[PDB]
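Number of protein chains: 2
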Amino acid sequence: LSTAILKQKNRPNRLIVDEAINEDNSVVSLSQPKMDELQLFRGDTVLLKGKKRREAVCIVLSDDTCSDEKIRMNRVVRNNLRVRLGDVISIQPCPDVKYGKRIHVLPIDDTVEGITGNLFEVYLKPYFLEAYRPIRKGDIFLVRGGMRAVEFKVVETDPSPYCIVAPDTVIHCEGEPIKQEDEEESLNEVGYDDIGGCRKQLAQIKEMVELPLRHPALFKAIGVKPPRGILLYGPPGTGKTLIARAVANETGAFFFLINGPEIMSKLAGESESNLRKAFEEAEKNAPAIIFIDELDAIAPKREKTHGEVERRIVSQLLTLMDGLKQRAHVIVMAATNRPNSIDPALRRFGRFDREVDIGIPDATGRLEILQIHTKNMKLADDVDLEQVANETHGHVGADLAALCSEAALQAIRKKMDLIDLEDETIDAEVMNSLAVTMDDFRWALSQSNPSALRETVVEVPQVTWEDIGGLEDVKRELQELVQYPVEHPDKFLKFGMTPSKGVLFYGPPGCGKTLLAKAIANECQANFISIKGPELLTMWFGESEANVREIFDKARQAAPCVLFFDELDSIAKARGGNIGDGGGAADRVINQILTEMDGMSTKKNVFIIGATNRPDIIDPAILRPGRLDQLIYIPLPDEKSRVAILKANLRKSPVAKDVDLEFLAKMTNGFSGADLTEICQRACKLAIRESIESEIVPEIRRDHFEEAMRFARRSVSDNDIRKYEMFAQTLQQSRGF
Amino acid sequence: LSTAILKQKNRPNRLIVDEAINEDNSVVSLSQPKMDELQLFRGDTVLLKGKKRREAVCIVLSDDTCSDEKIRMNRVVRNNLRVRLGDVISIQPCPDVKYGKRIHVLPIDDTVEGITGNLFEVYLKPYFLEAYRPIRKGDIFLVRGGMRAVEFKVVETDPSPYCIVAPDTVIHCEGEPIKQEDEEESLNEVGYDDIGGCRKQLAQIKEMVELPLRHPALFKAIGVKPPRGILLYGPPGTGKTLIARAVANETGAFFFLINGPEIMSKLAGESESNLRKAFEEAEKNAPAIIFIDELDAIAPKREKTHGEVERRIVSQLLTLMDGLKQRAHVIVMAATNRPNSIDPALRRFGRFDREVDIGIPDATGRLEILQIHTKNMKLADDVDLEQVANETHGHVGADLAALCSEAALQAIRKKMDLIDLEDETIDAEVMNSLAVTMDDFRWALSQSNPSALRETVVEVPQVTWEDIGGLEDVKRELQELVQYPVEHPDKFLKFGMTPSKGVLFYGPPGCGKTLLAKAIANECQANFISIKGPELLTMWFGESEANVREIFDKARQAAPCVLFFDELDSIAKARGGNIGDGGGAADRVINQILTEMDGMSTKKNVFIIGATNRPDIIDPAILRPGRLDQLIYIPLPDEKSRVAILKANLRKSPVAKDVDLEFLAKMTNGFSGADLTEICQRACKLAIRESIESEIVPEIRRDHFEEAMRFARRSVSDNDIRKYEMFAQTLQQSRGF
Ligand SMILES: Nc1ncnc2c1ncn2[C@@H]1O[C@H](COP(=O)(O)OP(=O)(O)OP(O)(O)=S)[C@@H](O)[C@H]1O
Ligand SMILES: Nc1ncnc2c1ncn2[C@@H]1O[C@H](COP(=O)(O)OP(=O)(O)OP(O)(O)=S)[C@@H](O)[C@H]1O
Ligand SMILES: Nc1ncnc2c1ncn2[C@@H]1O[C@H](COP(=O)(O)OP(=O)(O)OP(O)(O)=S)[C@@H](O)[C@H]1O
Ligand SMILES: Nc1ncnc2c1ncn2[C@@H]1O[C@H](COP(=O)(O)OP(=O)(O)OP(O)(O)=S)[C@@H](O)[C@H]1O
Ligand SMILES: [Mg+2]
Ligand SMILES: [Mg+2]
Ligand SMILES: [Mg+2]
Ligand SMILES: [Mg+2]
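Protein chains in written order, with the deposited numbering: chain A, 12 to 707, 728 to 768; chain F, 12 to 707, 728 to 768.
No lab work stands behind these hints: they were computed from the structure. Just so you know, not all the hints are guaranteed correct.
The list cannot tell twin chains apart, which means a pair is met if one copy fits it or any two copies do.
[As the list claims (entries may be wrong)] Derived pair list, reagent style DSS-like, types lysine-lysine, alpha-carbon separation capped at 30 Å:
(1) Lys502 - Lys696
(2) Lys288 - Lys277
(3) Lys425 - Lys502
(4) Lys663 - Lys614
(5) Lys584 - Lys754
(6) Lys502 - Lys754
(7) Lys315 - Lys663
(8) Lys668 - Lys658
(9) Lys60 - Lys312
Put together the whole structure using the sequences plus the hints.
So, in structure tokens, the structure goes:
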């Protein structure tokens, strides 16, 4: 019901199509009930448009060539004047459009190449086929007694509609044959189909660019301020320039690209004139889009700058963006790879308030990027893209293109023994029959160094409740504090209470403190930001107080989301504990966390998990009624839950039938979950060794698990069990003394 | 099978050659089955090319001078128009090539030197020898009744093929005799044969430069993006300019060298025009290579710069490299000695993504450099290059050239008593009979200070399993966790488990904590990066947070590789231990190691070793299931393994026969391996003293070892043995409390 806007169905007119044996393109397909509900105006001419000012003409009411009471669609139209079946016809009445001076005809191929002679001897014959020299906007017919592979590039035209040319005007004939680069750089313009992964941000870009420009009166009638400043920020190489280039081609607005280094490459004084002219050009036409690439390169912070020209550039840009009123209809957007260096005077209201985060795509997101990038190459049958999307983790849009290039080149290397190095006249059986296989992708995958290993990884984790063995007590409670306030807000609002925002995890180490948070994030279909203990201590030492500011608000922007603080023990380990150095464990970072976690409003859905295994050195400041008041104890797995833990850990291994899990679960009493995983890893490693020994069968037998128990190592002592139990019954008493 | 691409064999046409007594060069060697499989076109002329536009002509079908049914090859062609036997003939059809204005003949030697007279009296006689003035592209015959040592330098020519000159054109005759420097600086151009050691990086350079330029259509057919930015980085003096100069001479592309300081030597404003002209010159010719030497000198970081001209230069360079599309076919490459000062805006995608590491060569690598450098000098019979390669450790390409220069000059000093200092007319018996001997090399080797002592040393270590005595338990296990996941990935992938990445070494000190890591690195044929304890503490104090970033990723780039953290005790010693100053031992560096070691993907083959001898002060954060979960105990050598330790330590000493190893191994119970090495060192030192005493025999006798036992010193106390045993049984319990 909520997602019933993208669908378009329940209309008994459209039907599925498949491959048929009807390839007769003599006449185009029409519809008899089409004009029956429309009131057209006839008598001189009709104004209509198709796609990219390109339309075809045919015969009208000259049927009776084949059998009626049927329909068909040829597959021939997938290479010109068409991108796919299911294109909506867009017609906008707009007379008096841009016009050139005059162009009649120009030659490209038949200019000087080969024999010329008188030139009216070779193409005059294959022309008289019932056509009185039809002149239109792309009416070209295919007639050839040979290969039927003739094509001439005629793209540039001054008119949108048809027109009648008039005599008594002189035309210059000083043209020149052009190369293929200018046409290829224009035909390969990207659009909304060439971008994948960032399916969410494109909705915002469309709703905030296309809507105000296409319907200016609709926004004025309801009285809404159109956003005129959009800043695109995120990791480098995610494709920030690609959306900017895509939104320009699909809109009828005048696009003006402004580069960052290009502006600074000019001399002193001359650079400001470029910005002034760029704004003036966009101002005199109402549909105009201004994109400033790499804003940080031209608009740095005024508190760190050294040159006086940069300050003048920033001041000029500030004045120019303030001079734009609502009658300009100019949407200024910019892209940068670090939002932190942008001058704060630009990111405030009226200049740049609307911000779009281009984050790192998921396995689903990068799968579509791979499918887009590999759409032009030739792959084999064993080519599995979602696998490669799975193993790739920190890969961004440009990383995938580099990986594809490396995989393609590795395929080139395998054929170097047959392809001559000096002879350039290679045979034609090597440009087509060779495709990229799995050895190529797997080889190139091992030595790929992505540029996106350092940011926060924003997912719904893949860890579900199946990976966690036992612990049925905590599964219900963790749901009761996370899912209820987000699924049924009315039930909470009726009682007039405040849901608790924050849960602390403590207990013996290696028992599921991280898997629980990942599982509770997976089921809620929300994001998951994990921050480790030493991860906070290294990200500070450069004396950077603003580093965590873009971390806390990131969770708020990606609502709903959960915040995880794993390995909290190491954070308190830097100063000790109850006495520590001389006082508590609340060092520089703990105070930061406490100060910022108080500013989160209750009406939000942001949620925080803290996980630690050192309750004796934690400070009372963390456990406040409103920060981490929920204290949940994870006990050691007992006889009943170890079977489930082992079943979860053995889901991917071909375990035998004669092995008894509950039998080997009965003297593994005083262990933890991490100990059981290590036991299983040793047991399966013994299987690998045995399997490879006999080669000079690959199943985990009973003896493989029997040998592991003798070498088993206990991770928690008897004193620690009692100590954990005695803290678990009584923790919050630590507050006060 | 994997390395079957470099070989070229199984063709019954080529055979080995040796020194023969046939030196008749009247006719060249041909092949009768050569045209039998080729369909040539005859009737006017044939187009063909040899090497460097130089070919020889001879008589055709004028045989019957000697016996047939045999073949021979003269040794005379090793000084001109030839570099060696086994050169492939390269022929590329390309008409209409670069042409000059006109040159007929120019005199060089017979211009004004000596007697001239009428000049048509001395060389007209020795010319009429059945030759109707043959004019070609290097058809010179040797005819002289004297020494047969006549040679004139004719190198510059406008045509590649033969041509017929035409009259009715005026030719200027205002030439001048040139010196020998311009010809020597061009004939000594380096190539792929003048560079040794970096055999791996040259493959990447070739595959990423020569392939896209020689076969532009092959890459377009498969749809692969050609790399247009290559950055060469590494230690200074490794030869970064040499590869740049070598790749230009062997390619037919237009090379444009851009120096770093040369650009900045210009005035304000005039420097940008040089870059603009350099790019414009390369753009109008499709085959073009642009090399920017010392990029850091012209493209520094914008956050540290002071002048405004440098920022404009960086912005201009950024704009220019962005303006290059695929139709330019221009590959821009650059070299720098510090990659860290390069502006981050240049090292990202689209400008400089493809990076080549020119590391320090090995003993094998530097051996080839020595062989290349000494190929022009005259050495004696006792000259052993691989020895000198062995003792040289931190020596780079320029260090070896300096060492050779010093060794040559030391040879000059030995003859100063006979060579006159003021008389310049020295006898000819001192420029040839004097060669460099071992006293020269050994003398110059002692006072050589290399410039490459400070980086990370990336090898496969020379320490093998033979150097480690006993410890048969750890040898199998260390293999079972390193070699199996890299040799049989399918066996691991079938069971669907995660191999453990990380092994911690603990135990009594001086027992083989470093030799084990070196041995496991040697057998895997992988790299080995060793980082010591205090080595991390000194590399920090300058408040440099980016220093270790280029350390961790270096191991990933050189896959497979192992990471070693030796002397971990000193790192934890700076803050104490369980209580320490006030808390744990996890100071600034430990948190860094933990944060970065979590980011390594499982699918990689990077592996980490930690070695320590202070398990009581280690913190629980290191021992996490996924960082260093593998805990291996190295016990003290018992009675059985001490014999092997002594045998390993005595492999290079001439040990006598009457000495009994197991007899002296029976009361050396409570020692360690380092104690046995020290015992053997004292025992052999006593032998040196005895050998030199009697001179005013050189074998280690029984009494030499008997005297060492009395002076033996124990390194581990009884309390320490029990304490180590009690921690070894129970370590991981330290996690939690
Ligand atoms: N979602 C995507 N789909 C397809 N190609 C993408 C995508 N994102 C990036 N790319 C490719 O990545 C390359 C570089 O794209 P850019 O837009 O230049 O990256 P960026 O995020 O703007 O950062 P920089 O500063 O420009 S490198 C191009 O070859 C794009 O085609
Ligand atoms: N309930 C469980 N069932 C199965 N495996 C578990 C369970 N709890 C933990 N593990 C395993 O234990 C290892 C680490 O799990 P974590 O949840 O990170 O442990 P932890 O409780 O957070 O304490 P540490 O200090 O991080 S080991 C992984 O290999 C998990 O698969
Ligand atoms: N692999 C090598 N083989 C032979 N000579 C080498 C090699 N590497 C360096 N050299 C010599 O080292 C000297 C300097 O070489 P360069 O290319 O200038 O060094 P570099 O690595 O470029 O660093 P700088 O900044 O130029 S000193 C020359 O005499 C080279 O012949
Ligand atoms: N198993 C062994 N066999 C022979 N020599 C050994 C053995 N173990 C150590 N040594 C010698 O001991 C010395 C130092 O070896 P290391 O492996 O570096 O000692 P360690 O265990 O790392 O502890 P320290 O603190 O570095 S001495 C060298 O001279 C080695 O040859
Ligand atoms: Mg960009
Ligand atoms: Mg955990
Ligand atoms: Mg240099
Ligand atoms: Mg050592």
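Structure versus earlier hints, numbers of those that do not hold, lowest first: 6, 7, 9
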